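Below is one structure, written out as structure tokens; the observations come after it.
Removed from the display is one protein chain of the complex; every other protein chain stays in position.
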Amino acid sequence: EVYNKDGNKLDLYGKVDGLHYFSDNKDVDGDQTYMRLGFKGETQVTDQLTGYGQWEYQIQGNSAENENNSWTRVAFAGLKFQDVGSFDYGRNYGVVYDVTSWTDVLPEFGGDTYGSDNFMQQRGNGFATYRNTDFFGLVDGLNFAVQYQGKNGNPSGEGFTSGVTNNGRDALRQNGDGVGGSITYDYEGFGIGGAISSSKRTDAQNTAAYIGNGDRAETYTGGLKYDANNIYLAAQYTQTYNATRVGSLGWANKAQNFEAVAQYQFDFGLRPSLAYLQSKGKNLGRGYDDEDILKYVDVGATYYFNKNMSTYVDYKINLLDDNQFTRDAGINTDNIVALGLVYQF
Amino acid sequence: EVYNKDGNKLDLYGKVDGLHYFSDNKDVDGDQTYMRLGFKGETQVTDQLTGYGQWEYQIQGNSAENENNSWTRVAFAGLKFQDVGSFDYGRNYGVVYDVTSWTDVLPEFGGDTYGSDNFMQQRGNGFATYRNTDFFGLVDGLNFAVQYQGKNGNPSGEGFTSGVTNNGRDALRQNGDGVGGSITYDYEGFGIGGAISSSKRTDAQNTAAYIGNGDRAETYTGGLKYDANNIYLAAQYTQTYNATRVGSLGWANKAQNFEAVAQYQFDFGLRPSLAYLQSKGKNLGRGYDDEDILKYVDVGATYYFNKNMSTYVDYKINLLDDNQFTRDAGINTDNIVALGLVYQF
Amino acid sequence: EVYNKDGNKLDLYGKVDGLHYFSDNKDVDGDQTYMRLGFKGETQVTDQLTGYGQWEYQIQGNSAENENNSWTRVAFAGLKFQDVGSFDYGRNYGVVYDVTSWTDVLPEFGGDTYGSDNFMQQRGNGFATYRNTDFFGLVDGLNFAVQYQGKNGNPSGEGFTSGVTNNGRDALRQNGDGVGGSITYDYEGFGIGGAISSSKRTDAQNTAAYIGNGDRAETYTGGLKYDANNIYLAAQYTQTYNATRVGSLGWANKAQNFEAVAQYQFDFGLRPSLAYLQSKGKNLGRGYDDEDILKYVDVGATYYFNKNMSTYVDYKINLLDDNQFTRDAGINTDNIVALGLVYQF
Partner (left out) sequence: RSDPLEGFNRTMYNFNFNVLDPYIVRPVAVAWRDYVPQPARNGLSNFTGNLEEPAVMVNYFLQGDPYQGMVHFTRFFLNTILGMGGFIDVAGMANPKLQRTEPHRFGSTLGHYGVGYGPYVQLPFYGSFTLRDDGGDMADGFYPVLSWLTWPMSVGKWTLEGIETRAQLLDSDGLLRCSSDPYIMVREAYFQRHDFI
């Protein structure tokens, strides 16, 4: 908080993380430090209408001084009314990520099932999110929201024709026009959430160079949560059809992923964590059958010195094989252990 | 303003807006969400000397996570005395931009007759501006400025045997050593000003068939403005020789840009707008005799909430016709409707 | 500075510099304005253990709109105890720079004998530096530190299967696992320090395309300082083996760097400067035998208007000659005039 004027409350935040990787695989070995910066403002227009905006930038310091690797995580703005809902437009998280974030509580790992700009699963460009609080002021804990996704095609710089958009990207991040919604109910201590999304698939993702062909990408996502007496227990299980990114090969026809976490909070600051993730496929093509995209167990602990500096240790025990499918898709197999500290201001 | 001590005051500023383009042209439609970030700090050395600086950074939030589309707009520093004028060196707008800004009142569109880093028309590098206010404290409203231009040319690291510069770029924004000046007059609502620009052209701009070839690129800019009784009326007619950028073909030998605006802010907050733009090319090369470069009429309105939050709708009616000249240059000839939500802090 | 509550404090800092170079080399001539921005946070965990953070970003303002040139200079975080030392991990300065910083008070042209990520001579990645103040509170002025550097090799994912890391770069700045430490002693005004470094060399730097082949790269540096009676005199001698970079053709097998500085502080703000930099390469494996690399004399002065705004003037006297070795190495051998105007907020 650096500004507390009349309806100009600006909260500047950010963090810097210095992390190192110790794995047998040379693809991810070495330093893994990064940095995040952003702000979160809020404007009180009146007693009912209230404007707000959020922004976050990530700058990676792993590269040298001759190159830069930076990207925008979330960038959106909108208005928030009173006891009737709120609407905002820009780069924000999807409705599915609202429920999946309960399980994704690991310090460094976690959330590897989905990828960036992977339909309505993580942060993306052109999201029209409508959020309502307390069900228009009727019940407590019952929150529901809807979202919309724009159509993104090939970049206009190169000649590709067909679907062309100004914010062009690679064929692994293109998406069409879809509509999704979510509804969560939160009681005291416990909590149950669920989301359903369906995004259109562009014509450039149905070629013969990428696995997975279809017209729609409707997904069903569940989840449970429990946060009471310093005990954090959450479980979730999604069912995505032609929406799970295997890697460089393309998208799996049908992949079922189940995640569960178990964390405890101590008085001195230690926060042990334990998670299990599986991404075994069902109807993989190109001769594959019942292949596992990702399967690992994360065990570690987090020590909180204060509200600004935190230390954690994470050990990723990979439980997947090293067959031809793993090498073709470029999936890591060696175990990764990372320890470091992050300072937040 | 987040810091103010011992004379030095820092005033952080910026804006975040989510934009989306709806048009029949596939090269411009899609998400265009960007943001601006910077600070405006100043310090007082003594009672007769004041220092100041300005920085700005534009980051496009519509790009994916594997690429970055961020760039700087203005970055300059200087010192200002009590009343002798003002001098600053760095990245800043040209003297002509101080006059053409009267018609640059549209929220998003407008000002398409010129381009960035195009001689003394927009923000560039190596700009030394000496601006005097109130004519050394003699007559109120009479101001003039003297500017200088560097010798930026071909890139140094591209292995060019001709004149090269460290901050090189493509053969579309290079310019020679030029000196220009402008004079502006103010009154009770009514305003009248003029600008004069003349910059040399590098030898790299006359190698290929760039259509516009000449030793010097003169530019005469004139116009008037009227801001009184919540009524905003202005006009501007410029005659630029080898200064306006046609597109991917080169430069126009003679262009007659004309643009006028008409706004009237209501007491509620609505500010309807109605502007028309025209750009007739003369003495064109490559067989073209007389073809229009830019001709459209823009209509829209904005509604500020309290001081910063505003919602605006734009509708550009392109009156240009598609032909061989427009297809080669790459100029859209179809109507485009845009919607945005700008949040300023 | 901008936020101080609940024991957490922030110190926003940075500068905006508008640079202009006057030289006939055309490789550095032109406007080279840049920008510096960063923060320095600090938290109070308890009465004995404290925390701090430092980050800095450099953005070049001389680029155009279609290109971006920026990099992260320093980014690290860690804790700080009361009287046993402080430990921090991330991007920071090496132990060799702690002795060479006494002669690096030059305004613009200083510390040109080394480079970033060059055998632990400047800012690098994966720097875990532990520093003790006042020798655990025993004596005054005896400061020593020890740090370790990780192994960085070829970039990952581009035709590389050996020496692969996630933070790879070009072979001109690769480094191995090296350990080094420095010890300083400042009793009253006068000071004497030294640093011993030994960094391993990767297999990519031992090829025939670059000069200098060895298992370990040793580096011994010594220096002296004196800051009293409003005068500043310092001198340092550096002896590096396969550590100093010489152009893009590799590294010198044996170099004897010697840098000295001389500055004076006046009551009205003028700070004259004078430096003599000498570096003679020895045992070159390309027929160049004993030559002179990067030899120049720097003379100039700096005027300080206040504690937040200052200006400086520099004049480099290049005594080196233009020969065959200079042509294929890319070494400036002519006088360069540089002027700027910094503004620290």
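Residue numbering begins at 1 within each chain, and the chains themselves are lettered A, B and C in the order written.
Going forward, a contact is a pair of C-beta atoms (placed from the backbone, for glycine too) under 8 Å apart; a residue touches a chain by one contact, two chains touch by 3 or more.
> So one chain is hidden, and I want to know which residue out of B:13, B:87 or B:315 touches that hidden chain in the complete assembly.
From the options B:13, B:87 or B:315, the contact with the absent chain belongs to B:87.
> For the chain left off this view, which of C:311, C:318 or C:344 is in contact with it?
Per the contact definition at the top, the residue touching the missing chain is C:311.
> Which residue, B:13, B:109, B:130 or B:258, contacts the hidden chain when the whole complex is considered?
Of the listed residues, the one touching the omitted chain is B:130.
> Check each of B:48, B:207 or B:248 against the chain that is not shown and name the one that touches it.
That would be B:48, which touches the missing chain.
> Of the residues listed, B:10, B:75 or B:79, which one is in contact with the missing chain?
B:79
> Which chain C residues touch the hidden chain?
Against the left-out chain, chain C lists 266, 268-270, 272, 301, 303, 305, 311, 313, 339, 341.
> Spell out the interface residues on chain B facing the chain that's missing from view.
Given the touch definition above, chain B has residues 45-46, 48-49, 79, 81, 84-85, 87, 130, 136-138 touching the missing chain.
FYI, only the chains that are shown with their structure count from here on.
> Using the average of all C-alpha atoms in each chain as its centre, how far is it in Å between chain A and chain C?
From the centre of chain A to the centre of chain C is 38 Å.
> Can you pull out the residues of chain A that are in contact with at least two other chains?
Those would be 2, 12, 68.
> Flag every residue of chain B that touches chain A in the complex, lowest number first.
On the chain B side, the touching residues are 1-2, 12, 16-18, 20-21, 26-33, 35, 37, 59-68, 70, 305-306, 308-309, 341-343, 345.
> Okay, in this complex, where on chain A does chain B touch?
For chain A paired with chain B, touching residues are 2-3, 7-8, 10, 12, 39, 41, 43, 45-46, 49, 51-53, 55, 57, 68-72, 75-79, 88-91, 116-117, 123, 125-126, 150-153, 156, 161, 163-167, 169-170, 173.
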